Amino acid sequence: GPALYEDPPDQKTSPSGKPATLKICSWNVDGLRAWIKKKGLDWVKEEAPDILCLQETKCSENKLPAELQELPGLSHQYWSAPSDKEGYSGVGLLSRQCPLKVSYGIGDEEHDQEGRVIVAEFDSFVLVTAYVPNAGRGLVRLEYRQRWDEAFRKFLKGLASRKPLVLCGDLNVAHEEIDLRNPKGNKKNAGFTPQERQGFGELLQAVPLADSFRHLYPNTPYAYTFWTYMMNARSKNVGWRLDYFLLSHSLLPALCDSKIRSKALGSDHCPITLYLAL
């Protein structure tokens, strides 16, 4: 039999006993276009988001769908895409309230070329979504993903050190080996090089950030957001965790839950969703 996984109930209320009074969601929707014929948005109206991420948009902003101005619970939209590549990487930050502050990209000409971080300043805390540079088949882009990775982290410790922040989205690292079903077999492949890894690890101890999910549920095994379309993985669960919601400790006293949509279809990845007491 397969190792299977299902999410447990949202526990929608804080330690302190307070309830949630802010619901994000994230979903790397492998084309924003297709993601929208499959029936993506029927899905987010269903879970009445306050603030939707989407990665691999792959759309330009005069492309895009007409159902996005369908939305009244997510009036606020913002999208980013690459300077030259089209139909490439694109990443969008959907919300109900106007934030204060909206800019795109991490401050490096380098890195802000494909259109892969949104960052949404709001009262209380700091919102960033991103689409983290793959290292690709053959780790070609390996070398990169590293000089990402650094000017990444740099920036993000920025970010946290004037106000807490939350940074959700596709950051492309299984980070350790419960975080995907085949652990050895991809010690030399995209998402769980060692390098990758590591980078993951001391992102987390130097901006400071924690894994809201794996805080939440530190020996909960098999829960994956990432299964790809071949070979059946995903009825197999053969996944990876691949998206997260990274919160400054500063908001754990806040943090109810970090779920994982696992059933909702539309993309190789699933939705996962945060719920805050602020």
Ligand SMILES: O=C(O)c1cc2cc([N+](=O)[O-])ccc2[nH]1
Given for the second form:
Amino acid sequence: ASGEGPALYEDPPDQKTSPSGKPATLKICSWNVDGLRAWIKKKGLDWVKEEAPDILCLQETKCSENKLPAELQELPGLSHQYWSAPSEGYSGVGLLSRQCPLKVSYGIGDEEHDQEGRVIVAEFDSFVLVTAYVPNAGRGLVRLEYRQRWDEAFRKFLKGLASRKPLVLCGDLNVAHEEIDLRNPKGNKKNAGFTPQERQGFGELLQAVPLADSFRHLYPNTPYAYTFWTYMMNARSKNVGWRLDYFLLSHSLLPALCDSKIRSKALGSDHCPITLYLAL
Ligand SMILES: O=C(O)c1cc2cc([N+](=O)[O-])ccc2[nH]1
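Please move on to the form solved in complex with this ligand, as the form deposited without this ligand is already shown.
Whole complex next, starting from this chain.
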């Protein structure tokens, strides 16, 4: 018999100025859409239009780069579009920007980890943005050994990128770092997204690059702030969720951090969007 009832979470108002008072100049939105076509049918684009981000990162598009829905043409102000998908119907990431990036790359430079369309790297003047859909550990943890290999290769790759330019990593990292990051830590310690191996990998990623978890850095003691809820058992209406989607930043970008938002009420997927405001 289920132990959780509703838990309130009200994302605070958008702080659009840096701690020094500098207005935000860049708004990035990241969203695991759980199928680009399904998300469009569920009015996901109408939400993007209201949010009006400068850069939109999408994960789990499940769409081949050569089968993109024609409705994507109804997104003005995000004309530079980049997509990665497996060598259709699984994984897939997208990055849509108002301004053209200096360079766009796909993957993490390792053949073993570059066949499932999980990563886009876009270099800009002041920083390099990476969007990722991290491999899920799987039912029965059958992909956990592979996920640990992925974590090490990704950490090495990001540390290399950060040594040249400040980094922003966003996306569905498929781990709730700490107990405060999910509604049911006790029942999920042996499930994908909350194994000690995955949590330890997330801690290693923050320490080694290094990177700061933008949301937790700003709201260190705030509970019930999630970005994913299973479609089953009315989990979203009870706020039985997990915070799997993040914006991780280089320490040098902390003075530029205005806010890191969780758009809780935005429908269209089993994940909600997250939004970052930077004063670059
Ligand atoms: O590196 C930077 O300082 C920077 C890149 C960038 C891109 C957009 N955009 O609209 O795609 C807006 C503001 C931006 N700032």
